[PDB]
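The form solved in complex with this ligand is given below as one chain in structure tokens.
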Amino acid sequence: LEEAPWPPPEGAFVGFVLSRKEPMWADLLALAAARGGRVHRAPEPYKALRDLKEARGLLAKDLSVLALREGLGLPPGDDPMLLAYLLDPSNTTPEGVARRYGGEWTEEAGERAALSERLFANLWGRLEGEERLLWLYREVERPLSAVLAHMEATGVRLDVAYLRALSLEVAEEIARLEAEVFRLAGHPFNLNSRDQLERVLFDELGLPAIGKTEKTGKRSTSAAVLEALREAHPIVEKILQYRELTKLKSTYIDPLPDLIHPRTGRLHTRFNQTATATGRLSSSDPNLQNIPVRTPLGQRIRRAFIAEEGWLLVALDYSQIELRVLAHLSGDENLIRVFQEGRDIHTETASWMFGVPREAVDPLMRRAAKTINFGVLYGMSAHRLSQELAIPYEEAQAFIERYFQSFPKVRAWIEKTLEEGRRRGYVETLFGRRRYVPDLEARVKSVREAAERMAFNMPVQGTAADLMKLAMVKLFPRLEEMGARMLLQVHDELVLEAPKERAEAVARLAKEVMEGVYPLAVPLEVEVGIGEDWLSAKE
């Protein structure tokens, strides 16, 4: 390309090199831009950010986030990763996309600008005639990238002192457990080593092996195995308690306080827009989509996620979302009616399965009923369903056959979906997001059947993801104008921050936007709550 002085004209494709992948923590090492046969390299990349009107190119969102960190309003625009990811969601990395669509991801910003420009040209070509994908790009993914840049740059407030204090208390309770385990073993070992634990449980204590591990065929020590073994020996209960505590401490209590950003005083995740096979977002560095919520200690952790002083969190979560989506996709008259009538399938299952009235169903029971309801739907075995309730291969199954014959268009929807996927090589969401599933004609039954469950799950999980993305795009500007913030997405949930005085109004508005995003054959209901912390805002 012809070498040309910095600054580029309007509409050029940017290339940029970061010291590390996380845009909130990165040093911008280099910046360049490409357009009309010319490449322009920035002498001083931070100053040079100020000359751009938008970030247009590979990983546009990440540069935008870095710009926002520096007080610049540089929105992301076209990004070939989003075009590629819509063509085939196994397109997840710039190395891969480049190789597939016409160049090489190098460590030079100029080359990255040039690559961005030519990959955009090519990928735009490939989306010719692909009207549903183009709609997804223009109406969902491209505008969503700007929303995600703001969310990443804004961050969430964390009660650091609370977590530090909690760490010290949890350390003591862990020592009590590990000491008991070692006493019961008759010797110490590394309790964090599942290989050492395997030897102790099954060789030294002679407990029965239940299951084997997937890749290397060891005797499993997983929670399902230990649960089965609870009454065999008192060590097993102590191992389960130890695992619960150490998981929480090593994954959340300890690391999160050290990730507070020195200039914002907040915690900044990354929302990865080209990372899943179904069209969901992911969250990393750290992951804020798997913050604990279920156990007593997990609830304590979730309490550390708090609002700015004088603000409240507003948590909004779609009710029974994949079930509603499935009603629409299958057009099943019975399931449509269940929702027309305001029923709750999770609560009904929980009530039935624990034998208590609906008013006695607690959050733990509701979570177990979800496992049941989504499990059966997405192809859980009669064998595992036996054990989950868990009662027997008698009335563990039969249950599947009734579940399905109640909703006869579901079976037909699955079979239509699978037969389409075999012929086409892909399945799709309501909006035409695609997932290629080639193993549908595999000849190893276990491989083929795994593929099938992947394949029919995707239109449901993926349509739910499309809806949430669209809600985000519609909701974001409404929040800006109200002086509220969008903080987190958790698949079917949004966490917002609002000034106390406006929090109620924000909650109503956000709820209505999410409920009316794209009407289906059943209502979408959203549960909304407000509080000083993320837990109180869902309670």
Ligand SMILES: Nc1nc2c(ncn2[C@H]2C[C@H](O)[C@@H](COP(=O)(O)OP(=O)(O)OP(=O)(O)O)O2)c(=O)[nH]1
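Throughout, rigid core stands for the largest set of C-alpha atoms superposing within 1.5 Å between the two forms. Positions refer to the first chain, counted from 1. What changes on going to the form deposited without this ligand:
The comparison between these two forms, aligned on the rigid core, picks out a single residue among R183, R132, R343, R138 whose CA moves by 2 Å or more, and that residue is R343. When two forms of a protein are overlaid on their rigid core, residues whose CA moves 2 Å or more are considered shifted, and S446 is not one of them between these two forms.
Once the cores line up, the CA of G206 ends up 2 angstroms or more apart between these two forms. For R118, the Cα coordinates differ by under 2 angstroms between these two forms after the core has been superposed.
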Given for the second form:
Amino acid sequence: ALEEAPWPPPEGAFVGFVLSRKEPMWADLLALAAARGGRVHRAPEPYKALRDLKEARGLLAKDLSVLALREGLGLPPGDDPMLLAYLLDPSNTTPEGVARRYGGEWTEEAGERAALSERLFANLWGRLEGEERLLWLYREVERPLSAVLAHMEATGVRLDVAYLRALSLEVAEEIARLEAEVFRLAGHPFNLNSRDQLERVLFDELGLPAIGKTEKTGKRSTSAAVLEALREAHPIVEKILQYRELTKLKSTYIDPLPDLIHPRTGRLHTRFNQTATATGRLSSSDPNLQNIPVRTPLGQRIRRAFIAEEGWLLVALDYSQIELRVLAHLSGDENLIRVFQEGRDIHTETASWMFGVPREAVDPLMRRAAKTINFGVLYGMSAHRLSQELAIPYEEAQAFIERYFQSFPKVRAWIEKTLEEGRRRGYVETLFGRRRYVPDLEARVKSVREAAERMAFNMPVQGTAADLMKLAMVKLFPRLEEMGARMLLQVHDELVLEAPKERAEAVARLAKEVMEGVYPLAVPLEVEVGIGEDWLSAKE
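What does the same protein look like in the form deposited without this ligand, given that the last one was the form solved in complex with this ligand?
Lone chain follows.
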């Protein structure tokens, strides 16, 4: 029968819990329960009952750990069947989906969530038997990383609220300028944020050619690609593109941020998820750091809003060209390995191979071509796309791509080898054995198959880079704790720390060493490090 016993539960019990909202730093803990041997213990008062647990063990353990940290408790996350499920198949991203797939039901009751957690753990543990690489990732990466991510989310980061107000005003003033010019050209006002109203203005009123159509609704598209053709010829088009860029930035990364400053901490608590992506990269939300513009002065001015506490400094560490380094390692291409061992400017050096010239004779446009292919090769960038990117003819783009593979032939071979592995086994894997299933390599529709192919050889590269970072995070954490420093943010191939100004230089030196030495590859791992009062200044 359904066994119940009073709170507190025995040691090693799985926990279940219900939040008032999904963000643990912002939620009330409504209910707390634990289960062992299928026997459920329900906490009369959940906040007091947290004190009784030595560990958060169960579904979404990291999230409960974040809320306990907020409350001044140290409840480190342990086993979590979500992490097992994600290793079995990274399409496993939510408790609901995991329950549906492997058994049971994700409900809204803490006791049931606790019992479910225990059953799923045993189930998924059994399904992993013999999978030694995935089990190594669980023990050395996923479980210990969950505790690091709890601390990052709970600690949060200070924002420069005066600066954000100044930036908001500047962007608002530019937006106002552009809409007035658009309304001047259209001869009347309308909602520039409405694609339906803009469609009418551009194509019916102004009579512009309508190239493409929308995916579902079957209307004339007003997308960037469709307007690109019209840009040079029609001023109103250019103004709309500028307008869209600024309003996207404002509404996503300027307007939301102060409301995310918690009343209790005086900090922004970015949420970090380790079971959200197909590749094994971490994701962030509230805000999504990954989608902050990387080019443009505007992306950079968002980062200036992120600041150190008074008396402290931010330390920013970035793995230079890590995906390309991983490609050199996985492919074993001797010439690409030479590019990295010569150890001068990587894109200049890549260009010298491609074009057959001494590095001194590589000009900035040749370098840009190499740099662009060094990014694009990783996912099969088309020659059409390269020709757009470089503003050169299609045939010349094709030639550049072939020049690249001629210099780096084992990269060409590795891509095909990886596709054969995917076709044979149904999955591809990273250096560490993180696995993604790739069923549509067999697809009949060429377009679907070719996207499947691109996802298939890109994942081992991105996923290896992801796990190198996560291992470094695991290794670095205890070394920072003992200096009074901490990790705050992770995005792309970058890690942002906060340290007291007196310890900042030593922390930079320690973190660089830990990151560069995390795992041996056929080429060196290189880390760029900078220190500053704000995140933009710490890029250096």
